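Next up: a single chain in structure tokens, the form deposited without the named molecule.
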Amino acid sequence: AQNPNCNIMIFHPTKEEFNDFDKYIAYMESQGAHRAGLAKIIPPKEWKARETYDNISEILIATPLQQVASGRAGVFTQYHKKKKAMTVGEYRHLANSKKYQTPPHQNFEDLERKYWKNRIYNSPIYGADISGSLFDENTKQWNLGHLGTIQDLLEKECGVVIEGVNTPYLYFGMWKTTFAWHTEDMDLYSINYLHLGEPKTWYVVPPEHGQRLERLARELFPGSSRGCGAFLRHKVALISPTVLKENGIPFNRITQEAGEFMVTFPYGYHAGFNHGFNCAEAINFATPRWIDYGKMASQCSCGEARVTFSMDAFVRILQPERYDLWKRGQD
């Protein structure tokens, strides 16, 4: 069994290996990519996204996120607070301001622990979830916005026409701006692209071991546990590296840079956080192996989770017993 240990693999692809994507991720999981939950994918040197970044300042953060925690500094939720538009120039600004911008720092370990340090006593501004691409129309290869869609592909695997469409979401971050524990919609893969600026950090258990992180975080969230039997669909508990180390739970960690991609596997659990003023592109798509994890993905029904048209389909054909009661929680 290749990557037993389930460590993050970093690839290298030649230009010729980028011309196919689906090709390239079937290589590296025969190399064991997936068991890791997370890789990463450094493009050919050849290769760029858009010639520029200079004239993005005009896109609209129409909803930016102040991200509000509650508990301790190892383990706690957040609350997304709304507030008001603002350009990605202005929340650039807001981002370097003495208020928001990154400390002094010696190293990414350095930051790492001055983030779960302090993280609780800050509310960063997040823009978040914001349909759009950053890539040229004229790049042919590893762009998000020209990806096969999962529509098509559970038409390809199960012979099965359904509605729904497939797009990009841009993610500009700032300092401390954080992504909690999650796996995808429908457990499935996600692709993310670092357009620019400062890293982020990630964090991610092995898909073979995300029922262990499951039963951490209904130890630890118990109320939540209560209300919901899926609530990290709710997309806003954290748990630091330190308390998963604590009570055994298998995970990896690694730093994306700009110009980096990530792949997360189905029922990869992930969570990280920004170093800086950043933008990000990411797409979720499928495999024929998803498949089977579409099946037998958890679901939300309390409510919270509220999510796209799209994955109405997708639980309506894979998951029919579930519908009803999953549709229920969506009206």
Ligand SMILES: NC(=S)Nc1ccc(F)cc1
Second form
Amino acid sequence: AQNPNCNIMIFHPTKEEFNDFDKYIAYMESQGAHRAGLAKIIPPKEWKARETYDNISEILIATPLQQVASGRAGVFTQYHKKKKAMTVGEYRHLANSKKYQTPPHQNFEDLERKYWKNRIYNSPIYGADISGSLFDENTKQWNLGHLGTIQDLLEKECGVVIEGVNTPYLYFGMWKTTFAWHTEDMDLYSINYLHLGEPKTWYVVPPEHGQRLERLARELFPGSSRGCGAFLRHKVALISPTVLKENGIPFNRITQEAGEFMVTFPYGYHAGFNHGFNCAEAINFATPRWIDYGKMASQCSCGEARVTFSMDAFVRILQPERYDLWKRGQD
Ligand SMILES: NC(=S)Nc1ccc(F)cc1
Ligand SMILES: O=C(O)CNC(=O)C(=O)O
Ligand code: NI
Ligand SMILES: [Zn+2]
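Go ahead and give the structure of the form solved in complex with the named molecule, now that the form deposited without the named molecule is out.
All chains and molecules follow, beginning with the one already shown.
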């Protein structure tokens, strides 16, 4: 078996290899990349997402989110407080202000130490889940707005035609902005391109060990666990690498820099933080290997998770027994 230790693998496709997206995902998996839950893909030197990022300041962040923490440094939740709208130019200025800017640091490891020591004592503001794309329409390779849709994948594999669409989202981040431990909706893949700015550090649990993370989360957030059998779907819980190590949870970490893609694989739990002002673009996708994960995906039915329109069809077709209860939490 390839990659038995479930290490995060890094790929350097040639421009020829970068033509066929599906084929290269399949190649990565033939080398065992999915066992880690996360892979890095460095694009060919000849490739670019767009010409410049000089004219993005007028993009609107309609609902910036202030991420307010509760708990202890290594085990905490965050809730999202809605703030007034601001443009990307205004947001960048805020990110670079004395209150919010990245502190002096020696290297990525030093900054990581500072993040886990001090994150809970600050409330950074995130521009998340903004529908849109920064890929040039003439970019033909690995354009996240031009991927085959999940609905067409389900139709190709299972013969059922369903409603729904599948478009990218933009994320504008600043120092300490945080993404909580989660897998994707319906345990789908995700792909994330860091367009511009400071790095993003990722943590990931191998899919074959996801239930170990779930068990620890139930122990560490006992009230949340009683309230919902799938509360990590709420995307609000953080557990530090130190606490994961103390509890013997297998995981890996890696830092993504501007110009690099990350792919998360079905049922690969991940979490992380931004180093400073940046912009990422991400979208979910599927392959034939995903279908069995979609059939088995846990669901939140307590009402907190609240998902896109398009997940309805996924649950309806792949999980018909669960559909009645799930839809109740969504109305
Ligand atoms: N490459 C960068 S950081 N360009 C940029 C970012 C924000 C903005 F408002 C205008 C331009
Ligand atoms: O970048 C972020 O804030 C979160 N991204 C993801 O969880 C992802 O791409 O799957
Ligand atoms: Ni994700
Ligand atoms: Zn729930």
